[PDB]
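As structure tokens, one chain now follows by itself in the form deposited in one PDB entry.
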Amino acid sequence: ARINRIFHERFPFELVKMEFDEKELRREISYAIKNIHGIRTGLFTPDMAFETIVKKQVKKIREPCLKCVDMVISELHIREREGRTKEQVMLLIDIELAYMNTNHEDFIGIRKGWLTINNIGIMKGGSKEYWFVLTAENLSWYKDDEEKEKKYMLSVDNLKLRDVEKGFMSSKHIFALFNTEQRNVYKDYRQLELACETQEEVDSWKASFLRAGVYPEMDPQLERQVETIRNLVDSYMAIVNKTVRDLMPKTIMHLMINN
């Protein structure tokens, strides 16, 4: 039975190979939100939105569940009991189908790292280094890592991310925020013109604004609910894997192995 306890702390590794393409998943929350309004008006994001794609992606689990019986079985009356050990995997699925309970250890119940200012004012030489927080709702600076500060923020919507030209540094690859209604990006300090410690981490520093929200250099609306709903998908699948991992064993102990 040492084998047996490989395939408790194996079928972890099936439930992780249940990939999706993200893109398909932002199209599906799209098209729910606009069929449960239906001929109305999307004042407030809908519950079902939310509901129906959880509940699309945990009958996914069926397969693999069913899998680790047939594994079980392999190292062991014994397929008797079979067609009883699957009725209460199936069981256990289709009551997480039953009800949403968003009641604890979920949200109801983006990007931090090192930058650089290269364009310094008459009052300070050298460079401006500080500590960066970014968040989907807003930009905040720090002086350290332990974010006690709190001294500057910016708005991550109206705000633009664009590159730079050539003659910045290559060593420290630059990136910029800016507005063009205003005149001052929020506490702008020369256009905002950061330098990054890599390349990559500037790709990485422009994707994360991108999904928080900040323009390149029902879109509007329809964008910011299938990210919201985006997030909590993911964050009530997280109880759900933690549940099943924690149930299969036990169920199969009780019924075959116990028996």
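Numbering follows the first chain given and starts at 1. Between two forms, the rigid core is defined as the largest C-alpha subset superposing within 1.5 Å. What changes on going to the form deposited in another entry:
- When two forms of a protein are overlaid on their rigid core, residues whose CA moves 2 Å or more are considered shifted, and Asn231 is not one of them between the two forms.
- After superposition on the rigid core, the Cα of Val89 moves by less than 2 Å between the two forms.
- After superposing the rigid core, the Cα of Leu66 is displaced by less than 2 Å between the two forms.
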Second form
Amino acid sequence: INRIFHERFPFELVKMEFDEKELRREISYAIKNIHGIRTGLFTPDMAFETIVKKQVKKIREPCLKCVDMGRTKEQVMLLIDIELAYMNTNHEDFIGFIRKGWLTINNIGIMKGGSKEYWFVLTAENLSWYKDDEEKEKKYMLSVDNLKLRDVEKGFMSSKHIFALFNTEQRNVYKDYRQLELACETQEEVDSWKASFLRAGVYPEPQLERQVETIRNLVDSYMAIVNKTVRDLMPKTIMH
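Pass me the form deposited in another entry as well; I've looked at the form deposited in one PDB entry already.
Below: the lone chain, stripped of partners and molecules.
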């Protein structure tokens, strides 16, 4: 049973919730107030320390519950007070810081081999084509952003219904050979694809924020260490 604790206890340490909006408000005001009258060149350190101390002070609750599940409690409190006395930034911290289907190729070059069906996956973020349906080859990748839909130039006979994907806002050609014409058996599939591409985001035919996020990245990294330590001392302090 006393080893149910020491495995329930980590659960009590992860019941803590943080209001990120209030957190970013406090970080911003901390940076501005620390510089005082100056505009500052580098991110202040006291902004990091002030936030971390506020979060560490909450660990007292689960630790006292674990004990209940005089001298023992006094030791636990002391082991938490000493966590607020010094910020050891050398302890392994960050030092120095939608639609799928088979589609054929209409414009065939030497690199295409022939007019064959390829497995195509469309997501909100990117586009991918594969020789098979295992989605492992990753032969061709194309981004949804900076992409535009195009129609086949007048004169093409609709033996197969085709839509074209052409990247227009990138210097990366993304292997857009002959405008990357993809054919379907019926027009309904082509229109469904075009709608899917546009829904994905395809074109239809202060520096203070970086500092705030950098502080947040550091605070989370440090508290990962602090939680690891308290998870280790509590099973030992109570035994001793």
